[PDB]
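Based on the provided sequences and hints, a complete structural model is requested.
Next come the chains, spelled out residue by residue.
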Amino acid sequence: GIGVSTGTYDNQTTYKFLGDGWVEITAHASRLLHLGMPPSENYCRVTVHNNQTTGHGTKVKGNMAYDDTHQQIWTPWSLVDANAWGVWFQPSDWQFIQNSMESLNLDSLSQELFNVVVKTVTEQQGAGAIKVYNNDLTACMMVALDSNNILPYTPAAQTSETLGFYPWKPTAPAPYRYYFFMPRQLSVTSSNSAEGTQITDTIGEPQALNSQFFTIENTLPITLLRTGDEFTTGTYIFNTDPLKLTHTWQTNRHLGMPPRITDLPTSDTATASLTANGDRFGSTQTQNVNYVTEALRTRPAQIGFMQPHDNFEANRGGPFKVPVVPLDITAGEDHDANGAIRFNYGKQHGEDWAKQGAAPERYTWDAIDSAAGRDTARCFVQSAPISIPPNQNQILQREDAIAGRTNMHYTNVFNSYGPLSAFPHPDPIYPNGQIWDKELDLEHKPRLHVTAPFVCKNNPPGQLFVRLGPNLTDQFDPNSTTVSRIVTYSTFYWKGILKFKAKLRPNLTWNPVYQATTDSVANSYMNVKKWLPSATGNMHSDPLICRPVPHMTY
Amino acid sequence: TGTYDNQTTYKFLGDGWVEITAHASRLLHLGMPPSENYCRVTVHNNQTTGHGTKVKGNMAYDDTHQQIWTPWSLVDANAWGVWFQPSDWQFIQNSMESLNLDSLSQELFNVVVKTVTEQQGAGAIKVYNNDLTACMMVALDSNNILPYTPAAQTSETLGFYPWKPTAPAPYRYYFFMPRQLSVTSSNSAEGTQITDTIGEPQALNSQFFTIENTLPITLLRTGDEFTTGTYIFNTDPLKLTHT
Amino acid sequence: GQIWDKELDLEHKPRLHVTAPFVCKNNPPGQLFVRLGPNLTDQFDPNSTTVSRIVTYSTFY
Amino acid sequence: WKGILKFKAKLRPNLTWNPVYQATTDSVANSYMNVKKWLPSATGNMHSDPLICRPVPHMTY
Amino acid sequence: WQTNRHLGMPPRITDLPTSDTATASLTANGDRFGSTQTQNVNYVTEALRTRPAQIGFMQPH
Amino acid sequence: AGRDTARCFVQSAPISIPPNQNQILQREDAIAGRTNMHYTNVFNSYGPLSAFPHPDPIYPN
Amino acid sequence: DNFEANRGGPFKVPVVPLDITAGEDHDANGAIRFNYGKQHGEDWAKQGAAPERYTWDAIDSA
Amino acid sequence: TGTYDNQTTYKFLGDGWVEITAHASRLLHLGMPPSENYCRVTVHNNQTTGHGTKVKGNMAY
DNA sequence: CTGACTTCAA
DNA sequence: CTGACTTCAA
DNA sequence: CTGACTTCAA
Ligand SMILES: [Cl-]
Ligand SMILES: [Cl-]
Ligand SMILES: [Mg+2]
Ligand SMILES: [Mg+2]
Ligand SMILES: [Mg+2]
Ligand SMILES: [Mg+2]
Ligand code: NA
Ligand code: NA
Ligand code: NA
Ligand code: NA
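Residue numbers (my numbering), protein chains in the order written: chain R, 1 to 554; chain U, 1 to 243; chain D, 1 to 61; chain H, 1 to 61; chain Z, 1 to 61; chain P, 1 to 61; chain Y, 1 to 62; chain E, 1 to 61.
It is possible that some hints are incorrect.
[As the list claims (entries may be wrong)] Covered stretches of chain R, going by a simulated chain D footprint (3 or more residues, C-beta under 8 Å):
hint, region
1, 31 to 38
2, 215 to 224
3, 341 to 354
4, 485 to 498
[Unchecked claim] DSBU-like cross-link-like pairs, simulated, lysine-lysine; straight-line CA separation at most 30 Å:
hint, chain 1, residue 1, chain 2, residue 2
5, U, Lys126, R, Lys169
6, H, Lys8, R, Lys244
7, R, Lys499, E, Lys11
8, D, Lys13, H, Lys10
9, R, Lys503, H, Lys10
10, H, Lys8, R, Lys503
11, U, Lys54, R, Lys529
12, R, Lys503, H, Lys6
13, R, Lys503, E, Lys11
14, R, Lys244, H, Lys10
15, R, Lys495, U, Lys114
16, H, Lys10, R, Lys16
17, H, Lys6, E, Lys11
18, H, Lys2, E, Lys54
19, U, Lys239, D, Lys13
20, H, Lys10, D, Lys25
21, D, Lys13, H, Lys8
22, R, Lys501, H, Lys6
23, U, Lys11, D, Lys25
24, E, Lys11, H, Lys8
25, R, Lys244, H, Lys36
26, R, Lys501, R, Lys244
27, H, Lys8, R, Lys501
[Stated by the list, open to error] Covered stretches of chain U (in silico footprint by chain D; criterion: 3 or more residues with CB under 8 Å from a CB of chain D, positions within the stretch not fixed):
hint, region
28, 28 to 40
29, 112 to 124
30, 146 to 159
31, 181 to 194
By construction, these hints were calculated from the structure, which means they are not laboratory data. Where is the CB? At the ideal position from N, CA and C, for every residue including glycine.
Structure follows, in structure tokens:
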């Protein structure tokens with residue numbers, strides 16, 4: 001029937017305390033969604049090629065990093081993506097979880113579409129002309145669920161296109177599009193390259209060996225929803241690894257038995273002494289010196305490691321910045337060397353509704369981790385047999401230039417990843433961060449993904465697609481390319497239920513622990529005012545810290 | 001989806017006990033909120049003239065406070081006039097010695113949603129049509145998480161006339177905001193400074209709640225209805241006699 | 001006059017309330033809230049603050 | 001001397017939108033909540049200052 | 001065949017190509033949503049975008 | 001998963017776009033003054049994020 | 001001899017113990033040199049504060 | 001004749017209830033009493049100077 | 001009424 | 001289909 | 001009378 005609702009709206013976050021410290025967290029999320037007609041009903045093979053010889057074109061010397069050229073299959077379908085922390089938790093929920101829990105893991109997911117409404121638009125009068133909206137009671141909306149994951153995975157969180165983060169504000173799905181293989185090659189140059197230097201900037205034709213054109217219609221069963229219909233996905237069970245809600249601080253210099261002091265400090269302002277390093281017990285892996293020091297001591301393994309930056313590698317697909325594992329930026333504040341992430345988002349995902357201009361909000365996330373990062377400027381390599389102190393020919397440091405390039409140092413191309421490397425898992429970023437991810441279908445997989453905390457061990461939740469069915473008008477001739485449609489749009493509710501499994505943290509230190517808190521200090525990053533509505537209701541939800549409590553590594 | 005009933009029935013148990021059942025029904029009107037946002041609004045009547053708190057001795061005129069204005073409305077029937085005819089009150093007061101609350105239940109039905117459009121131009125008239133698929137949202141704070149706001153105190157409960165339409169009251173609640181006002185009389189010195197301040201939100205006392213994040217919400221289309229179920233009161237009997 | 005009231009959630013409570021004859025000993029009847037759901041129009045862009053809605057109202061018993 | 005004192009407590013609910021006030025430690029010099037105050041000194045001197053309680057607010061009515 | 005440049009949601013074009021020989025445009029990289037691991041620049045580009053992992057790698061030779 | 005070594009390059013950080021010759025290391029740059037030796041000959045970008053296919057089965061040899 | 005740096009200061013990155021080879025590259029192949037006292041191997045007769053020192057080269061030859 | 005224990009344990013019952021068991025242990029020192037008698041002692045600070053109760057307005061002392 | 005690229009976590 | 005600040009007067 | 005940071009490899 002047309003006069004009865006097909007679902008219930010619910011946004012509540014409930015905490016079921018099992019006992020033994022286990023907690024079942026059930027995050028209910030509901031949104032009103034708006035869906036319009038596609039600008040085209042065709043699947044299009046679109047190309048973007050920013051090869052201008054001015055501005056930010058790839059045809060100007062040294063502009064490789066500006067490359068945007070690629071090819072995509074544009075589809076008339078839309079994607080309903082809720083894979084972002086902000087969709088499921090209120091800021092206070094995140095705080096409660098981060099301050100009191102030690103671990104968190106994905107449990108299950110289910111989604112539902114209901115209370116579908118389809119309307120048509122018509123013109124009124126002439127002077128004026130106003131628009132009139134009517135119900136198309138017999139019109140329908142199409143829904144498809146890629147449960148087998150046949151179609152390319154496209155996490156909307158990476159382009160800030162997931163559903164909004166405000167339960168009381170309408171949202172919309174994102175238009176679905178996916179990459180298509182297209183040969184692409186770009187020459188490398190610097191702003192100092194010769195004047196008559198030719199920049200090779202090419203794009204090729206489709207290749208038989210790598211072409212994959214998929215349509216929703218030929219691969220997924222499609223459900224038609226009229227105003228009285230509803231759609232449910234059923235429950236999906238996640239298979240992922242638990243995420244630690246704690247952060248580590250022990251570096252290589254903090255592993256094991258500290259050297260024994262000779263005597264306790266003589267006063268509260270005094271320092272202590274060790275026994276002369278020439279008479280000290282211990283071990284090192286520098287056999288040319290007869291002493292041990294904290295810097296030379298052998299430690300079990302290597303916490304963290306040096307990563308090349310800003311490394312750009314090249315493929316048939318063009319140049320690309322190689323991702324880096326997110327680690328502590330250190331006191332040296334080496335953002336790029338330690339993979340700090342800078343994201344740009346809009347008003348549905350955190351930006352102040354009052355902010356003006358086309359520019360999005362920007363935020364740089366630095367790893368909570370304090371023990372695995374690298375302070376590149378203070379790093380160095382000495383020749384062996386080691387000499388202490390070394391002369392300039394026996395040491396390679398930040399001041400030394402590679403291939404005579406003033407700003408290029410051994411650390412830019414240095415990679416110390418090895419069998420002894422140990423490091424933490426990337427932080428979960430509230431509320432902009434992605435939550436789960438699909439694993440790459442390659443025989444040899446990565447140990448982690450930089451973009452999300454939970455990579456699905458098994459098949460991930462399939463994507464949910466929607467679109468309006470064509471609304472034809474009396475004039476229709478298949479043999480012509482003339483397109484005559486009735487202006488239509490729809491709205492419907494979406495409800496998702498995401499369940500987590502968490503565990504309350506133990507408490508054993510003497511000193512109080514660090515906790516995410518709010519405050520009343522003017523201009524403070526944690527001022528309550530930031531999480532309250534303004535006089536006219538404007539909101540903004542800034543990134544919140546996570547993993548505030550430290551845990552012992554060894 | 002429901003039946004209209006306003007009758008007040010008296011079930012005489014015997015032994016002098018009486019079960020009084022007050023049925024009340026009203027047609028309600030609900031419009032769109034002037035805003036869909038939750039707003040943190042401030043009122044500060046600190047004018048230096050008239051009834052401002054900036055004029056000597058006007059402390060008692062203070063109206064400054066802060067509130068969370070919401071796009072929701074409250075259906076409040078907690079006032080005697082909603083349940084009894086004047087004669088009922090008279091009968092009870094003249095013949096009874098005690099009265100106590102027993103139970104309560106509420107229901108929303110025969111929902112109707114309409115849209116308004118403009119006609120012609122000279123004139124322009126309004127035309128009203130049924131949105132058969134549109135809905136009205138309903139929420140019941142059975143746990144009492146949200147601030148209690150008895151509409152009787154601002155004369156905003158449902159009307160007292162069964163044959164006249166009424167409307168719910170817009171829901172809004174107090175929010176903590178530092179406020180301080182000096183004391184003076186009309187005879188205070190001329191150059192007397194009146195301290196009249198309001199502060200910023202305080203972390204220690206800020207509580208911003210939304211209906212959407214705390215209560216399950218039901219969507220009612222024209223063919224749906226909503227019932228609360230029966231609630232049992234636990235209160236002390238009221239003496240109908242005076243000393 | 002008001003008929004029932006919620007008790008103040010303080011450890012030490014008042015012997016009565018001036019505004020109502022019956023203060024609930026236990027949890028009082030929860031409040032009933034209502035509102036119209038937004039009625040969107042063909043033009044809608046979440047990234048803008050432009051608000052385009054269909055003029056709507058309702059009645060119910 | 002050994003004593004065993006048992007308590008019964010209940011985890012708090014979480015319903016507000018805005019983050020809540022929490023007792024935390026910090027690294028700001030001369031701050032009342034600087035960690036240094038709850039750590040031993042070079043010679044082992046200790047001191048335990050009063051800590052806040054009831055940081056989270058609840059609605060009275 | 002998917003390289004790092006082919007992983008995930010492609011950037012959204014502003015409009016569909018105007019003809020079969022035309023190209024499409026993205027929104028100015030200074031106003032584009034997305035993420036990178038180069039915090040010194042306020043824009044996102046296909047080459048700078050953060051991708052899940054690294055497909056393939058450089059080997060000494 | 002392959003690498004087009006001549007089109008690979010490394011820039012200094014904070015990144016500068018476009019970079020001048022001292023802010024970029026490319027194929028034209030010589031290591032230890034050896035004309036044909038470039039950073040890519042001794043570069044190894046294998047890491048925790050590396051993903052790649054399995055070698056092909058070669059028929060019939 | 002790779003020294004990396006952290007909030008904790010500089011430190012020599014450990015190396016996997018492997019054959020030092022005919023070239024006798026101790027540091028490149030993580031040979032371990034330890035210093036110990038009379039309870040753990042040093043000759044009880046030895047005099048001086050200096051501990052006993054020994055460099056262990058991996059049995060591994062491959 | 002006993003065991004020393006200072007641990008504070010948290011037994012999470014479920015439903016949010018928690019049984020907190022605080023164990024406390026101390027080494028105590030006990031000396032001889034300065035007297036073995038029960039004494040009826042009097043303190044009377046009625047000096048006419050300093051903080052005595054014999055100086056005007058010193059009642060609170 | 002999600003299951004690893006179809007049906008078919010039947 | 002009202003139950004004391006979630007689920008859960010289950 | 002060792003069990004992954006409490007109790008609680010109960
Ligand atoms: Cl940097
Ligand atoms: Cl050596
Ligand atoms: Mg299936
Ligand atoms: Mg299948
Ligand atoms: Mg309930
Ligand atoms: Mg409850
Ligand atoms: Na030592
Ligand atoms: Na850090
Ligand atoms: Na985009
Ligand atoms: Na050997």
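Hints, one by one, checked against the model:
1. Counting residues of the region 31 to 38 of chain R whose CB lies closer than 8 Å to any CB of chain D gives 3, so the stated coverage by that chain holds, three being the minimum.
2. Here's how the region 215 to 224 of chain R fares: 0 of its residues keep a CB closer than 8 Å to some CB of chain D, so the rule of at least three is not met and the hint is violated.
3. Against chain D, the region 341 to 354 of chain R contributes 4 residues with a C-beta closer than 8 Å to a partner C-beta. That satisfies the three-residue criterion, and the hint holds.
4. By the rule of at least three residues with a Cβ nearer than 8 Å to a Cβ of chain D, the coverage given for the region 485 to 498 of chain R holds, with 3 such residues.
5. Of the supplied pair hints, the one linking U:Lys126 and R:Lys169 holds, its CA atoms being roughly 29 Å apart against a limit of 30 Å.
6. Taking the CA atoms of H:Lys8 and R:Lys244, the gap is about 28 Å. The hint holds against a cut of 30 Å.
7. About 24 Å separates the Cα atoms of R:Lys499 and E:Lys11, which keeps this hinted pair within 30 Å; it holds.
8. For the given pair, D:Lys13 sits about 22 Å from H:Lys10 by alpha-carbon distance, which is consistent with the 30 Å threshold.
9. This hinted pair checks out: R:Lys503 and H:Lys10 have alpha carbons roughly 16 Å apart, not beyond 30 Å.
10. The hinted pair formed by H:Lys8 and R:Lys503 meets the criterion: a straight-line CA distance of about 19 Å does not exceed 30 Å.
11. Between U:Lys54 and R:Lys529 the alpha-carbon distance is near 27 Å, which keeps this suggested pair within the 30 Å criterion.
12. For the hint pairing R:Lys503 with H:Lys6, the CA-to-CA distance comes to about 22 Å; that is within 30 Å, so the pair holds.
13. Distance hint between R:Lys503 and E:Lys11 is fulfilled; the C-alpha atoms sit about 13 Å from each other, no more than 30 Å.
14. Among the hinted pairs, R:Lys244 with H:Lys10 is consistent with the structure: their alpha-carbon atoms are about 24 Å apart, no more than 30 Å.
15. Between R:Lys495 and U:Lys114 the alpha-carbon distance is near 26 Å, which keeps this suggested pair within the 30 Å criterion.
16. The suggested pairing of H:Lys10 with R:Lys16 holds, with an alpha-carbon distance near 13 Å, which does not exceed 30 Å.
17. For the given pair, H:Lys6 sits about 11 Å from E:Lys11 by alpha-carbon distance, which is consistent with the 30 Å threshold.
18. Taking the CA atoms of H:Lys2 and E:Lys54, the gap is near 47 Å; set against the 30 Å cutoff, the hint is violated.
19. A threshold of 30 Å between alpha carbons decides the hint, and for U:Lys239 with D:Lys13 the separation of about 22 Å falls inside it, so the pair holds.
20. The straight-line distance between the Cα atoms of H:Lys10 and D:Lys25 is roughly 22 Å, inside the 30 Å bound, and the hint therefore holds.
21. With a C-alpha separation of about 24 Å, the suggested pair D:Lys13 and H:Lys8 falls inside the 30 Å cut-off, and the hint holds.
22. About 28 Å separates the Cα atoms of R:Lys501 and H:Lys6, which keeps this hinted pair within 30 Å; it holds.
23. Of the supplied pair hints, the one linking U:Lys11 and D:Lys25 holds, its CA atoms being roughly 26 Å apart against a limit of 30 Å.
24. With a C-alpha separation of about 10 Å, the suggested pair E:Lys11 and H:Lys8 falls inside the 30 Å cut-off, and the hint holds.
25. The suggested pairing of R:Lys244 with H:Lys36 holds, with an alpha-carbon distance near 27 Å, which does not exceed 30 Å.
26. Of the pairs offered as hints, the one joining R:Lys501 and R:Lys244 holds, with about 12 Å between alpha carbons and a cut-off of 30 Å not exceeded.
27. A threshold of 30 Å between alpha carbons decides the hint, and for H:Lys8 with R:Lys501 the separation of about 24 Å falls inside it, so the pair holds.
28. Remark: the region 28 to 40 of chain U is confirmed as covered by chain D, as 7 of its residues place a Cβ nearer than 8 Å to a Cβ of that chain, reaching the required three.
29. Under the rule that three or more residues need a Cβ within less than 8 Å of chain D, the assignment of the region 112 to 124 of chain U holds, with 6 such residues.
30. Restraint check on the region 146 to 159 of chain U versus chain D: 6 residues with Cβ-Cβ distances below 8 Å, three needed, restraint holds.
31. For the region 181 to 194 of chain U, the proposed coverage by chain D is not satisfied: 0 residues have a C-beta within less than 8 Å of a C-beta in that chain, short of the threshold of three.
Of the numbered hints listed earlier, those contradicted by the structure are 2, 18 and 31.
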